[PDB]
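Next up is one chain by itself, shown in structure tokens, the form deposited in one PDB entry.
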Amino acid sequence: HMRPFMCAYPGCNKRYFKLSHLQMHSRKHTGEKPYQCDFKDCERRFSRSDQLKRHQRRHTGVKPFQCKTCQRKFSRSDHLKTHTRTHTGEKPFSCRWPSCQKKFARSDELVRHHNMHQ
């Protein structure tokens, strides 16, 4: 088996291919958030090292993902993904309320719009 380091916590069946990966994962089961941001006057702490690294981009200003259309840079790949739909004009999320015919590019836009109807 390629992932032999198995979590033994109640309710969890996660498994990893390095012991250190299992060790970092298991700390969430006791509520640990050992990855604290060391920027001045920032009390943010995270259970995962990649969560802290993503967070600190708001301090450093590093944006490693660039739009091939307008050359704007973004700190997160998923935010670049939804951004590119502003150029394609794709609106995959349609409101189904009668005589509305509204369409939206992001899923949470439809959620907020659905709550407007009620």
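Residue numbers count along the first chain shown, from 1. C-alpha atoms forming the largest set that superposes within 1.5 Å between two forms make up the rigid core. What changes on going to the form deposited in another entry:
- Treating the chain as two rigid bodies that shift between the two forms, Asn13 and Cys70 fall into separate rigid parts, each C-alpha being assigned to the part whose superposition fits it better.
- Interdomain rotation between the two forms (smaller rigid part relative to larger, C-alpha based, rounded to whole degrees) is 171°.
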Contents of the next structure:
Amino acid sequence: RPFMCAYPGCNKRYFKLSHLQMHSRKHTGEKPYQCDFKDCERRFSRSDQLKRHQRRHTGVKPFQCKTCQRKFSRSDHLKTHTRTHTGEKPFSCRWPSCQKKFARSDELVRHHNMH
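Can I get the form deposited in another entry as well, since the one above is the form deposited in one PDB entry?
For this one, just the chain is written down, with no partner chains and no other molecules.
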């Protein structure tokens, strides 16, 4: 049993390899991490998750707009904002000829919902 499971607090061996691959599946949805913040007791399954959530407090804005020089807490958000300039709109309204385009997927969804 060289092998061991990575989940926190549940350290233990496993003779074979596949005999362990299957174990982890147990930890499938546990929330090992939490936020060491005042009254903000929120648990996160993944690590990058918590890391990110941190910024809500920290204030950090790790990403910056090459154009507006504006900083954002998330890359996906910046990614979008980048269209503020590019003027890209990959989402066309699927209704009869109401050929309106939107930069964000959901931005469209709300359009439809208004039709």
